[PDB]
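A.B. asks: Spelled out from the first residue to the last, the chains are:
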Amino acid sequence: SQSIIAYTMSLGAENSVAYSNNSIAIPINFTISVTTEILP
Amino acid sequence: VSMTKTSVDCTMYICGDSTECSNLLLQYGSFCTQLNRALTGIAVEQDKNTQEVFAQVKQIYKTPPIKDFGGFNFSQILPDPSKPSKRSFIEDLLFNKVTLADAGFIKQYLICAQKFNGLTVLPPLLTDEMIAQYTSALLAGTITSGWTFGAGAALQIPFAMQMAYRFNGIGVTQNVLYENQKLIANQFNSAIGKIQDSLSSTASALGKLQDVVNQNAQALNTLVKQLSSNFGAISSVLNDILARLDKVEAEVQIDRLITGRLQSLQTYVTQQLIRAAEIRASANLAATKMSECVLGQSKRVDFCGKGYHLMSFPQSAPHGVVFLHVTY
Amino acid sequence: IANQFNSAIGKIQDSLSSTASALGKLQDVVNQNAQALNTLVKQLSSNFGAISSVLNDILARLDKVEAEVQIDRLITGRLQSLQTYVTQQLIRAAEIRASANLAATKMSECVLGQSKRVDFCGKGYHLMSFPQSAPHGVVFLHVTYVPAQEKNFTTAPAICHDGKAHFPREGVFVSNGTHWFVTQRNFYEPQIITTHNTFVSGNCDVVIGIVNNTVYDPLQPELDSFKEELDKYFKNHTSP
Amino acid sequence: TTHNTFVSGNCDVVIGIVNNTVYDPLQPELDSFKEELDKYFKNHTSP
Ligand SMILES: *[C@@H]1O[C@H](CO)[C@@H](O[C@@H]2O[C@H](CO)[C@@H](O[C@H]3O[C@H](CO)[C@@H](O)[C@H](O)[C@@H]3O)[C@H](O)[C@H]2NC(C)=O)[C@H](O)[C@H]1NC(C)=O
Ligand SMILES: *[C@@H]1O[C@H](CO)[C@@H](O[C@@H]2O[C@H](CO)[C@@H](O[C@H]3O[C@H](CO)[C@@H](O)[C@H](O)[C@@H]3O)[C@H](O)[C@H]2NC(C)=O)[C@H](O)[C@H]1NC(C)=O
Ligand SMILES: *[C@@H]1O[C@H](CO[C@@H]2O[C@@H](C)[C@@H](O)[C@@H](O)[C@@H]2O)[C@@H](O[C@@H]2O[C@H](CO)[C@@H](O)[C@H](O)[C@H]2NC(C)=O)[C@H](O)[C@H]1NC(C)=O
Ligand SMILES: *[C@@H]1O[C@H](CO)[C@@H](O[C@@H]2O[C@H](CO)[C@@H](O)[C@H](O)[C@H]2NC(C)=O)[C@H](O)[C@H]1NC(C)=O
Ligand SMILES: *[C@@H]1O[C@H](CO)[C@@H](O[C@@H]2O[C@H](CO)[C@@H](O)[C@H](O)[C@H]2NC(C)=O)[C@H](O)[C@H]1NC(C)=O
Ligand SMILES: *[C@@H]1O[C@H](CO)[C@@H](O)[C@H](O)[C@H]1NC(C)=O
Ligand SMILES: *[C@@H]1O[C@H](CO)[C@@H](O)[C@H](O)[C@H]1NC(C)=O
Ligand SMILES: *[C@@H]1O[C@H](CO)[C@@H](O)[C@H](O)[C@H]1NC(C)=O
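Residue numbers (our numbering), protein chains in the order written: chain P, 182 to 221; chain U, 32 to 359; chain R, 14 to 253; chain L, 25 to 71.
For the chain U half of the interface with chain R, some residues (derived, Cβ under 8 Å), not all of them:
#, residue
1, 181
2, 184
3, 191
4, 205
5, 297
6, 327
If you are wondering where the hints come from, they were derived from the structure by calculation, not from laboratory data. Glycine included, C-beta positions come from ideal geometry on N, C-alpha and C.
Bound-form chain P, shown alone:
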C-alpha cells in the first residue's frame, strides 16, 4: 500500500509566539542535553 509521493516541502512546524508589551516566559526547569557533532 506504500507509493512514491511528491510534495512541496514544509519548512517546519508553525508557531505564533504569544508576545505582548508586558509578558515574559521563564523556564521553571531545564534539560541537560548531550549532542554529538562529527568533524573530519
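Guided by the hints, dock chains U, R and L with the ligands onto chain P, whose structure is given.
C.D. replies: This is chains U, R and L with the ligands only, laid out in the frame that chain P set:
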C-alpha cells in the same frame, strides 16, 4: 551563500548528437563521468550552503498582528502580506538590484532547459519564497523572543526589555535604555530609513553578489566560446567534418576537437571547484553570522558590524544573505 | 543534573549503535578518496587511442619507431589522469583542512574553555564539551543547558517605590498576578524585591510601562527591632 | 558610595591614587537614628 547550480553534460558538450564522436570519447575512459560527477557535487553543495545559512530555525515563527515593539518600527524588514512573494520591503530592493544581473544569465544560458552546448541551469531546492519564509521566522523569533529561540523554545520577552538585556551585554546599565527609549527607537527607525534610502540610491553596494553572478556568467561565456576553436582541425563544427570526410580521415579531426574540448571542460570544472570552495567558505561564515549575530549577541569585536553589537536582522538576497547589524 | 547528564550519555551510546547514518560526514570522506583512487586506477584500462591500453603489449607488438607514437598517446592520457586526481586531492585537502581548523577551534573553545558563541559548541547554552576520537576524525559530545518548562508571567521594566525608579541589578521583574518578584534571567527562582536586588535611577515618570510596588529595605527591621530594644530601655528607665 | 566601590590595601601601594571622601549610606540613617534618640533623652530630662 550560493551560486547558480549549473550542470554541463560532458558528452553533449564535446560530441553533441554525434554517435561517431561519442564512440571516440569512450577511448578516454571515465573523464566525462568524472566531470559530470564533479559538477553534480558542486550543484548539491549549493543547497547544503543555503540550508546551513537559512534553515537554522526548526519552527516557522509568525510575527504578531499587534506591532507594539516599544516604539521600534520593523515594518521595513518584516514581511509585507500584500506582495505576491511575501518578502520584506528591504528584501525587494535587494531582489531587484541583483535580478537585473540574474535575468541576463538566465536568457543567455522560469522552467529552465538544456542548451545545445550541454549547459543546464538547475533550480535551487529552496525557492526565494521559502528563503523569505525562513528569514521571516528568524526575524520574527528575534523581535518576539530575543536570543532565547536560539537555545531552547522561543520564550517571549517585551522588546524594550530585550533591548535592556542587550544593553547589559555591552556593559551599559539598563536604565540607559528606558530613560532614552524614544531616542533609541527614533535612531533605530532613522537608521533603517538610511538603509532603505541607500539601497535605492546606490550603484556599487551589492557588488559582492554581482561578482558571483558575473564570474559564473564569464566562465560559461569562456566555456561556450571554446566550442568555436578549431584546435588545428579543418573545422570547429562537428557535423561539417562528418559531412565532408570519411570514416578514417574524419577521426584524426574529431580527436582534435575531443582533446581540446575535454581540456576546456577540465579547465572550467577546476575553476568551478575552486570557486565552490570560496562560496562554501562564504556560506560557512554566513551560517556563523546567522548563529552568532541573529540567534545571539556577540562579544566578538567587529564580527557583527562596526560598533558594540546589540542584534542583527537577516534579509534574503539572490544567491546571498544580508545582515542588517544593529550597534551601539 | 547528574542524572540528566548520565541519561544523555546513555542516548549517545544508543544513537551511535542504532544507525549507520551517524558518522556519515567521516564515511563520505573515506568514500570520496576511495572513489578518486578507484577512478585513477580505472584510467589505466583506457586506450587513449593507442591500439591497446596494455603498455607491455604495445611494446611486444611493435618496433621502436612505431611504438613511440602509440606510447605518446598512453603517456598523454595517463599524465592527464594523474593531474586530474592530484587536482581533486589538492582541492579535497583544502576542504579537510578547513574542517580540521574548525575541529581545532572547537577543541580550543568548547573543550579547553566555555563558549558564549551561540550554536558553536552544540545547540543550547554551552556548559562544556568532551572530545572522542573516530577514524580520520573527531567527535565532540557537547553538553548544553536547554530551558525546558516555561510559565508566562506579567513583567515590568522597573518598579516605583518612593517616586524613585528601581531596576533589577541582575535578572528581571516578574509577577504571578498578585505579587512582584525579581528572578534570574534563565531559570524561574523568585525573590522578594529589595534594595539589594535592585538599583535606583531617576524619578517614576520617564520609564514607559513602569509599575508601583513596595521595595523592601532589609536594614529597616534591624533599626526597628533595635528601636524596640531602645524603647524597652526608655520605658524601664521610667520605673526606678 | 561604599556600595559603588570595594576596598583592598592602604594608600601607599597604588601609583596615582587620589584623596577623596567615600560616602556611606548607612551613616546618615544612623545619624537620623541618633537625632530620634537624643530628643527622646532630652524630653526625659524634663519631668
Ligand atoms: C503569588 O506568590 C505569593 C508568594 O509565594 C503567594 O502568596 C503566599 O500565598 C500563600 C498561600 O498560598 C500564603 O500562605 C499562608 O496562607 C495563610 C495566610 O493567612 C495561612 O493560613 C497559611 O498557614 C500560610 O501561612 C503566604 O503567606 C503568601 N505570602 C505572602 C507574602 O502573602 C501568592 O498566593 C501567589 N499568588 C498566585 C495567584 O499565585
Ligand atoms: C503610582 O503611585 C503614585 C503615588 O501613589 C500615584 O501617583 C498619584 O496619582 C494621583 C492621580 O494621578 C495623583 O492625585 C492628584 O491628581 C490631581 C493633581 O495632579 C488632583 O485632581 C487630585 O486631587 C490629586 O491631587 C497623586 O497626587 C499622585 N501622587 C504623586 C506622589 O504624584 C500613581 O498614579 C500610581 N500609578 C499607578 C499606575 O499605580
Ligand atoms: C501564556 O498566556 C498566553 C495568552 O494568555 C492566555 O490566553 C488564553 C488561552 C486564556 O488562558 C487567558 O486567560 C490567558 O491570559 C497563552 O497563549 C495561548 O496559547 C494557547 C495554547 O496553549 C493557544 O491556543 C492560544 O491561541 C493562545 N492565546 C492567544 C490569545 O492566541 C500561552 O500559551 C501561555 N503560555 C504558556 C507557557 O502556557
Ligand atoms: C524537572 O525535570 C526533571 C526531569 O528532567 C523532573 O524529574 C522527574 O520527576 C518525576 C516526578 O515528577 C519522576 O518520576 C522522574 O523519575 C524524575 N526524573 C529524574 C531524571 O529525576 C523534575 O520533576 C522536574 N521538576 C520540575 C519542578 O518540573
Ligand atoms: C513605520 O514606518 C512607516 C514608514 O516607513 C510608517 O508608514 C508611513 O505612515 C504615514 C502615516 O500614515 C504615511 O504618511 C506614510 O506614507 C507611510 N509610509 C509607508 C511607506 O507606508 C508606519 O506608519 C510606521 N509604523 C508605526 C507603528 O509608526
Ligand atoms: C529593667 O532593667 C533592670 C536593670 O536596670 C533589669 O533587671 C530588668 O530585668 C529590666 N526589665 C525589663 C522588662 O527590661
Ligand atoms: C603624570 O605626568 C606628570 C609629568 O608630566 C607627573 O608629574 C605626574 O606625577 C604623572 N601622574 C602620575 C599619576 O604618575
Ligand atoms: C515630652 O514628651 C511627652 C510625651 O511622652 C509630651 O507630653 C511632652 O509635651 C513632651 N515635652 C517636650 C518639651 O518635649
